[PDB]
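Shown here is one chain on its own, the form solved without the named molecule, set out as structure tokens.
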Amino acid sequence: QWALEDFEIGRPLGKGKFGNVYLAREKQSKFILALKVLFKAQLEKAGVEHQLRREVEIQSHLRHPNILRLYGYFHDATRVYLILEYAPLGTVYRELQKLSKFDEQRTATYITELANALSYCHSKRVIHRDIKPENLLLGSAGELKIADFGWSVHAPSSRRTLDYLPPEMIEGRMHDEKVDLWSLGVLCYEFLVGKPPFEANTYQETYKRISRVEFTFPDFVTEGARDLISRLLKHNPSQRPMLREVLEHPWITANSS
């Protein structure tokens, strides 16, 4: 029940791969939100119509204050518009750019907020699979909001950025909700250090490094954090913790809230 006519388009917020995300306000209501404009010429030529259908079917059903809301979708001849929660303070990516590292209180908080989002996701049997700072957003009160469910699915799978991908995904093997735990470790490490634990200059070095769980900690990383990151980045996914173990990790609990 929506058309472009119902919106005034403000500034472009982010320049994505298949289109951009614009600030915008609904007209009858004066409601501020984000409008993500994908258009089909590129989507079909990339053959990802069903990836987008899952992104929608999933992100609509989910409601959680640490997950970006998708109020709905619509389309015309050329474009498909996603009507999205507007998150004022931008991405964690941009925040990490400004501040080469986060401290342990900011980092641990973001993780508790992220864990909640995930334990809710994994409760609905949904996996995100593309957690990274680019796909985390920040509400008006600084709160963390996961977005961009482009690579989400239900239950197990195979298929198959790459810094945040686990061995089971890149190597080709099948995988589950455990990927989001590996990614959470990558992400925790990056927050504290300022770069992902397996970063390389070429794809092929990164594959090998990820495959062999080849990462070292700086001197300045505390053992509490070292512990949680080491537990999350285990090659054998089964070994990686439950989300609640992470939420009730002493280092986390010390530094969260």
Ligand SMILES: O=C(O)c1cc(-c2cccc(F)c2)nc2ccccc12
Second form
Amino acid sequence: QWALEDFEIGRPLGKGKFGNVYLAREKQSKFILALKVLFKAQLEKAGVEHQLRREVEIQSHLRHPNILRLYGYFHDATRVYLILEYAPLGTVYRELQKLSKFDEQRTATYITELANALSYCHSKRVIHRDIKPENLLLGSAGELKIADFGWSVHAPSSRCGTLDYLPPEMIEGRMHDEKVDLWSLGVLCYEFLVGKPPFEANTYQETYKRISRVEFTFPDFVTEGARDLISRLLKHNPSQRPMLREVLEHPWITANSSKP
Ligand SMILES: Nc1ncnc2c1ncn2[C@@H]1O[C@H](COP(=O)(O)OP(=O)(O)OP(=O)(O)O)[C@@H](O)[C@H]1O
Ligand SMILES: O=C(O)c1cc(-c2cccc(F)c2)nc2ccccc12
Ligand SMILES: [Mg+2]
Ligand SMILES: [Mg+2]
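Starting from the form solved without the named molecule above, please write out the structure of the form solved in complex with the named molecule.
Let us now look at the entire complex, which starts with that chain.
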């Protein structure tokens, strides 16, 4: 259905572990899109060909204003091509670098959109397991959009990078469910307000200890409504974390998030 012939390749949009993302335009419709390239050599050597097919199937069946659309895909003699929706405002990661911290309005709005998207994700019983600011893009009106889906799967499961966003049941090799995403939401909220995630360390081996113990402290400026929600999401026992409906209705979310 799709071949590389059908697009014109603009500038690079970012580097992934297995290749680049380029700006691109469909020649006959003039549609603007992002076109992720992955190299088959490196995909074979790493052994993720089947894992990538799992990402591609889960993502093409999702449609939500805060999930990044996958339109299609194709491959050739040496590479695989994912045709993704183009997010014109870049990543949340670069927004943090430029501003250092976020105010409570931006944070509570981002947490809302994140929780909405993860609610829909769970209704199709999909778990993302890897929401990093690296993987949260921003639409042309500033809306938050989840991307990647590289390490995502169906609940439950038990299948690299930094430990920082992984919950304790995952880093301990144990079995994990849909509350993996609730711990992740707690980590982002912290990082959005503070400028660094709550378990950062300069070594992998200490981030392990600090996640496992849940050893973290708030600085002065974090108001008590935000300490309340974060502490309720960063709980070693998965069952003691709330569900997304409680998050969407937390007094701190409602007072600071923007309206529908
Ligand atoms: N649709 C897009 N629009 C703009 N920038 C993007 C888009 N998709 C990705 N990027 C940028 O390119 C980078 C790499 O993309 P991505 O995270 O999807 O690759 P990856 O992490 O290597 O995926 P994989 O799990 O398959 O190895 C991102 O960190 C982001 O900065
Ligand atoms: O055997 C293949 O031709 C092949 C196909 C694909 C591929 C094609 C469509 C979708 C998708 F997710 C992956 N990925 C690969 C990765 C490494 C080595 C070979 C391949
Ligand atoms: Mg094959
Ligand atoms: Mg990524």
